[PDB]
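Student: What follows is the residue order along each chain.
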Amino acid sequence: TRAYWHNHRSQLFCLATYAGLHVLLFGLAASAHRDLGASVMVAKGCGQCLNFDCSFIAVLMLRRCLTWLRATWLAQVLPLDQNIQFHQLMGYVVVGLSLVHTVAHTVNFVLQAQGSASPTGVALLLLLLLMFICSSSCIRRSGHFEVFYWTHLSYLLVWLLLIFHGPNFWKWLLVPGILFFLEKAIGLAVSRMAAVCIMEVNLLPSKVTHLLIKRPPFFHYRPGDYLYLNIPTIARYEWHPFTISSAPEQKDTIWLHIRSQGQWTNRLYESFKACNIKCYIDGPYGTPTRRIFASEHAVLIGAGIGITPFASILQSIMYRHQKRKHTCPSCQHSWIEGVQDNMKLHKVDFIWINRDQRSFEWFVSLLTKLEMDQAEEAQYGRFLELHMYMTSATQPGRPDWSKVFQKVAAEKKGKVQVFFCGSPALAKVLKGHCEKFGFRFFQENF
Amino acid sequence: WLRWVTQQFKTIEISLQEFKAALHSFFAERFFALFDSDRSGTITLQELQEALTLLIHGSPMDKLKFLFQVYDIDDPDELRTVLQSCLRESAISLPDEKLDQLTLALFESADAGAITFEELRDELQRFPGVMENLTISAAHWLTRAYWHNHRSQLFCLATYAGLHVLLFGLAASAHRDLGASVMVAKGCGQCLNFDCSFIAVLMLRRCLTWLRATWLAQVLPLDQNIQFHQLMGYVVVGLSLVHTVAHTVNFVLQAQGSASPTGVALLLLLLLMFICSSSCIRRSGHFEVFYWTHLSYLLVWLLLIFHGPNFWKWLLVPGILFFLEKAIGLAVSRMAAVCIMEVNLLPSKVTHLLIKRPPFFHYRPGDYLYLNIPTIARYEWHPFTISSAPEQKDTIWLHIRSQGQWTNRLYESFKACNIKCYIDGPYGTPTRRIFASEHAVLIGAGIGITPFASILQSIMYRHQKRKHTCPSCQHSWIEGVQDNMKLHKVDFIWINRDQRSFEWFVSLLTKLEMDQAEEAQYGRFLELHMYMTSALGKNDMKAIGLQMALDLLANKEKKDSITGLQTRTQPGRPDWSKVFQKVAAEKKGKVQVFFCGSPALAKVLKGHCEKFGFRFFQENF
Ligand SMILES: Cc1cc2nc3c(=O)[nH]c(=O)nc-3n(C[C@H](O)[C@H](O)[C@H](O)COP(=O)(O)OP(=O)(O)OC[C@H]3O[C@@H](n4cnc5c(N)ncnc54)[C@H](O)[C@@H]3O)c2cc1C
Ligand SMILES: Cc1cc2nc3c(=O)[nH]c(=O)nc-3n(C[C@H](O)[C@H](O)[C@H](O)COP(=O)(O)OP(=O)(O)OC[C@H]3O[C@@H](n4cnc5c(N)ncnc54)[C@H](O)[C@@H]3O)c2cc1C
Ligand SMILES: NC(=O)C1=CN([C@@H]2O[C@H](COP(=O)(O)OP(=O)(O)OC[C@H]3O[C@@H](n4cnc5c(N)ncnc54)[C@H](OP(=O)(O)O)[C@@H]3O)[C@@H](O)[C@H]2O)C=CC1
Ligand SMILES: NC(=O)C1=CN([C@@H]2O[C@H](COP(=O)(O)OP(=O)(O)OC[C@H]3O[C@@H](n4cnc5c(N)ncnc54)[C@H](OP(=O)(O)O)[C@@H]3O)[C@@H](O)[C@H]2O)C=CC1
Ligand code: HEB
Ligand code: HEB
Ligand code: HEB
Ligand code: HEB
Ligand SMILES: CCCCCCCCCCCC
Ligand SMILES: [Zn+2]
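First to last, the sequence lines map onto chains C and A.
PDB author numbering puts the first sequence at residues 182 to 295, 319 to 478, 515 to 633, 667 to 719.
PDB author numbering puts the second sequence at residues 9 to 20, 26 to 37, 41 to 90, 96 to 133, 137 to 166, 182 to 295, 319 to 478, 515 to 719.
Source of the hints: derived by calculation from the structure; they are not laboratory data.
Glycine included, C-beta positions come from ideal geometry on N, C-alpha and C.
A couple of the hints might just be wrong.
As the list claims (entries may be wrong) - Computed, partial: chain A to chain C, Cβ under 7 Å: (1) 267; (2) 268; (3) 571.
Claimed, not checked - Subject to a maximum C-alpha distance of 20 Å in a straight line, what follows is the list of computed EDC-like cross-link-like pairs (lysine to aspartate or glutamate): (4) C:563 / A:673; (5) C:584 / A:673; (6) C:563 / A:453; (7) A:455 / C:453; (8) A:455 / C:581; (9) A:565 / C:536; (10) C:455 / A:581; (11) A:565 / A:536; (12) A:563 / C:611; (13) C:563 / A:581; (14) A:584 / C:536; (15) C:704 / C:536; (16) C:584 / A:581; (17) A:704 / A:673; (18) A:609 / C:453; (19) A:563 / C:684; (20) C:565 / A:536; (21) C:565 / A:673.
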């Protein structure tokens with residue numbers, strides 16, 4: 182659709198520039214070997230393309246530097262949450278190109294039939333087929349992940365073999381390769397790790413587990429800071445990110461809501477379907529959101545399914561709001577302090593738009609809780625308003674942004690803002706509606 | 009002891030001149049007069065022996081009689102003169118009315137018309153232990184030291200010299216066949232390829248900050264990068280000189319195209335930079351002229367590309383790193399066209415900027431910033447520590463001390515507002531570990547105590563923002579914790595030679611302490627200790643007499659006259675045993691020490707913390 186193109190705009194640009202660079206290198210090597218007949222030309226071309234891919238696959242799968250890029254607007258412009266299913270694509274392309282390359286050189290060696321390169325080539329083809337065989341989803345689907353890791357560790361020996369197999373290859377391999385080695389060196393046992401222990405585990409409906417891990421003493425995170433969880437019982441060497449779904453004012457534990465959407469998280473749900517186990521979290525990462533707490537009548541709008549950090553944001557807002565309701569220990573006169581200047585809000589909206597509540601029952605329960613929490617406080621003033629839409633049947670059907678925005682602009686609470694977390698098809702609509710009413714728009718990357 | 013006395017006497026007849034020279041002042045004159053018992057002006061061996069026996073081996077009554085004889089210049098006028106001489110020796114800069122009131126109080130509390141010697145002893149009896157502890161400061165008579188601090192800089196200098204002798208030998212061995220000329224020429228060629236390449240990667244004003252926060256700042260020096268860079272420049276000039284003379288001797292031996323033209327060009331360019339980048343160009347010149355002339359590093363690198371055939375191999379990494387960082391820094395990268403709200407000139411040539419806090423400017427307590435002023439130096443960017451707590455929402459302070467050519471020129475110019519300045523936002527190590535503790539002991543030794551001002555002001559702001567008062571009953575009560583500061587007490591121990599440029603810090607701590615001293619009746623939350631070690635120690639008889647009036651003035655006013663502080667200022671170095679014992683005596687939580695100073699005290703404090711079980715820290719700033 183038109184909005185499919187608008188959302189996938191930043192994906193199609195990257196895919197097309199990749200295909201363009203491939204055809205550029207292919208044609209460059211084609212021209213430089215036009216003299217040879219139809220077999221070493223395509224072979225040299227595919228060789229150049231393989232150099233490029235077999236080099237940059239690693240930097241495509243760079244873990245630590247990718248997080249640092251996710252914080253800036255760079256995450257806004259190009260999609261850097263897709264690195265895994267761009268990595269699998271570049272792997273498939275390496276396999277296809279290496280296969281056609283072997284076919285080209287074997288046809289050439291047959292035509293010439295009418319060392320260091322060829323044996324190393326056979327071994328390289330065998331290893332690439334090993335990785336492409338023991339790295340497909342059928343290997344992690346069944347509950348063996350360490351087999352996958354051990355087989356797919358052979359990229360090291362593939363790089364070794366390829367160093368003294370392609371003449372100009374080490375030039376390509378060096379910079380991404382040295383970046384990869386640097387990042388694997390920075391990441392050591394307990395560099396930013398912590399051997400925290402699960403204090404409890406719940407199993408909410410819709411196959412979502414609700415980890416209550418034990419808070420590490422010196423672990424301080426802003427609301428919305430995701431962590432990279434690791435559970436040896438499930439998979440020893442996998443590190444899947446997860447968004448902390450508990451307001452930082454939680455001093456005892458750290459929640460994590462882990463929705464079943466794959467092979468690791470499914471393994472987690474099924475395993476605990478049978515608590516104190518080992519976990520190794522890796523720090524708080526994510527965008528700092530002080531623009532919300534330093535605002536008035538913020539309008540948090542979360543669409544799609546990237547709204548787990550809004551649970552943390554809303555719980556932190558309501559905690560810091562309850563933390564300004566004083567009562568005299570003698571007169572019992574309860575008076576409400578004005579702004580604390582660490583949170584400057586006078587109202588909040590929350591418009592969660594989705595297609596259903598398939599996986600988010602914990603979210604709906606938490607929002608009813610935070611709405612009933614101040615429901616008796618609504619006698620003088622309502623702080624948190626909840627607008628939840630479903631668009632498939667709670668006000669069913671898509672909203673009317675003119676209507677809800679005019680309802681916002683109806684009463685005067687201050688400088689109305691917007692914060693958004695969703696599909697860029699809707700982000701520009703919100704930017705247009707937003708500067709129409711003088712609402713200072715913002716957009717969040719999570 | 010007779011041998012030491014004879015040696016000391018032989019070391020100087027010993028007239029009053031050599032006496033004052035060995036003793037290192042009107043007190044010195046009185047001592048020279050009272051030492052020669054025969055009033056002969058020269059100190060014989062017998063007179064010096066008797067003086068030493070009466071001072072060291074003499075009883076406290078003998079020392080008291082000697083002090084009384086030295087004090088009676090013939096009363097209040099003599100006491101005032103002696104106290105003035107002592108303060109001149111003690112660097113105690115007090116007002117004339119302050120000294121008058123001190124002399125009056127001393128004459129009131131000591132004279133029971138004239139200070140009687142019996143009355144003098146009866147009053148000195150109030151001084152506990154000072155009787156036996158009475159000892160003249162002149163008797164004080166009876182390198183790896185700075186390497187202990189330089190154990191990290193000398194590491195860098197040594198590895199640098201090693202990585203030069205390595206390249207020199209590597210190039211000399213490969214070309215030993217050439218006779219005595221091209222060997223050193225090619226050695227210097229390689230050393231130049233290294234220095235002219237890395238001298239700029241030393242100047243990373245952006246990546247160093249990221250490295251300044253890490254423990255790499257603890258292991259190797261990251262503040263003295265400018266001096267290491269100047270040193271590498273000096274050795275580039277020296278090496279270029281020997282390299283040109285090597286090639287010219289080679290040429291004249293052979294005579295007995320890129321080489322010669324680009325050689326002359328690089329030689330002249332490096333000489334131009336070495337001339338227009340000395341101290342004199344900025345002491346009495348335009349910082350802009352310095353910047354423009356010494357911008358020629360681009361031209362030097364360029365002409366070096368097609369002069370050293372394999373030089374670009376070196377220049378690849380540092381050149382691209384330098385240009386990457388320079389491109390990251392753009393006109394609105396993180397700059398902010400901040401407007402000075404107002405400036406002051408606090409004493410000791412320190413200027414005090416109040417720059418208007420940008421609306422979207424959030425800094426932790428103790429974050430520095432790279433201030434620039436297009437009026438002082440158009441292009442230089444100097445770092446400075448925010449000396450205003452974050453909870454202060456109106457303006458950002460900056461306490462800038464004249465310690466060079468930029469800051470000094472700033473002070474001079476303002477000595478003659516709404517100007518433009520381009521700060522570079524917050525930096526620095528995180529400081530939340532100071533707030534998440536109990537009875538933290540912030541110790542600031544040396545000249546790194548500007549962020550402790552910010553931290554103390556933020557701590558007191560939060561403390562005052564956890565004191566409540568009901569609008570109805572007016573019942574005032576306190577809270578337990580605010581979840582952003584869990585402290586229960588703070589001890590600020592501040593060692594320095596003198597109050598030279600920190601009287602603003604003094605006037606700030608006075609404010610903090612007295613702002614809650616009237617609440618210390620039920621609980622004291624911040625304890626201020628201030629040590630000016632250069633002041634005369636409480637063991638010196640003159641210093642004993644001076645304290646014998648300072649203490650009375652304190653009891654009269656309840657304010658230590660030196661600073662108006664509620665606490666008293668303790669001259670001399672601290673006995674960390676007693677300090678940590680007093681810390682451990684009371685129980686306010688898990689003690690945590692913090693520190694910012696020279697490693698010489700870092701090791702002492704780490705040893706004592708292991709002795710007393712306190713989790714010593716040392717923040718990097
Ligand atoms: C910052 C962030 C926070 C997230 N928080 C949550 C959360 O709280 N709850 C939740 O249910 N999901 C969350 N996800 C998405 C995802 O479900 C988990 O991150 C995790 O990747 C699931 O692993 P999986 O076994 O299902 O992956 P697979 O089933 O093996 O892979 C299928 C999908 O998972 C993605 N994926 C696989 N490995 C990774 C990886 N290492 N990093 C990122 N994506 C990966 C693939 O791109 C694809 O979309 C988050 C993603 C990100 C980027
Ligand atoms: C994080 C930090 C915070 C500081 N805060 C203060 C403060 O609040 N008040 C204060 O009086 N001083 C402070 N200084 C020290 C110093 O006075 C200033 O940093 C300032 O840069 C000195 O300028 P100058 O022109 O006098 O130096 P110059 O006269 O130009 O140089 C002489 C000395 O200054 C150093 N220096 C010169 N240029 C720089 C530069 N760009 N960056 C760092 N050092 C340089 C040299 O290494 C040498 O030690 C701080 C230093 C650092 C590293
Ligand atoms: N960098 C990128 O390229 C990014 C891409 N994405 C894209 O996000 C998509 C997520 O799938 P999905 O979440 O289904 O798509 P959406 O993100 O469009 O669904 C989000 C919600 O917005 C609602 N919505 C869309 N337009 C309007 C409107 N005009 N008025 C009111 N409500 C509206 C939809 O309702 P209904 O479902 O009823 O239409 C849906 O429930 C992925 O396909 C991915 O490609 C995500 C992030 C960034
Ligand atoms: N990593 C490094 O190499 C660093 C080095 N420095 C050092 O900072 C120094 C600055 O001069 P300065 O700050 O005077 O050097 P110091 O830090 O040694 O002097 C600072 C204060 O510490 C006091 N002091 C020193 N040793 C003791 C002790 N054993 N017991 C009690 N008090 C003590 C001094 O008292 P008194 O003056 O009375 O002796 C002085 O008041 C430079 O010489 C430099 O070497 C600075 C930063 C880091
Ligand atoms: C270069 C070479 C190479 C190649 C060819 C490849 C190829 C591939 N691949 Fe690879 N990978 C790689 C190299 C590679 N690769 C690396 C290096 C990585 C990273 C890992 C780590 O870090 O450990 C990866 C990673 C990876 C991953 C991740 C895991 C997680 O989750 O953690 C995946 C899934 C993949 C898949 C794949 C596929 C499917 C393919 C096709 C065959 N991979
Ligand atoms: C990785 C993937 C891969 C694979 C599998 C392969 C496989 C192969 N191969 Fe190769 N190659 C390659 C990649 C490859 N490859 C490269 C990259 C190169 C380089 C390119 C250029 O040219 O640059 C080559 C190159 C090459 C050559 C050329 C030589 C040189 O060194 O120069 C030849 C002959 C070949 C053959 C071959 C064969 C026969 C095979 C199978 C057995 N290869
Ligand atoms: C060519 C190369 C080079 C050389 C040889 C040099 C050499 C030198 N240098 Fe230099 N620098 C440089 C390159 C250089 N350089 C750079 C690149 C820089 C940085 C700048 C910027 O960043 O802008 C500097 C920077 C610099 C500075 C800084 C400024 C401020 O304060 O901020 C100074 C002072 C200097 C000095 C010097 C000296 C004294 C010498 C000796 C002559 N230095
Ligand atoms: C800047 C500093 C510098 C300077 C000034 C110079 C200056 C000079 N120089 Fe010199 N070089 C150099 C640095 C230099 N340089 C280098 C670095 C090189 C290279 C070395 C290698 O091996 O790398 C050379 C090189 C050179 C050579 C060899 C060959 C080529 O490379 O082409 C020669 C012959 C020369 C000469 C010379 C002369 C004659 C002069 C003066 C005029 N050198
Ligand atoms: C099939 C989807 C392709 C998406 C391409 C994403 C590119 C991510 C680049 C990440 C660089 C670190
Ligand atoms: Zn009351």
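Student: Failing hints, ascending?
Tutor: 1, 2, 4, 5, 7, 9, 12, 14, 18, 19, 20 and 21
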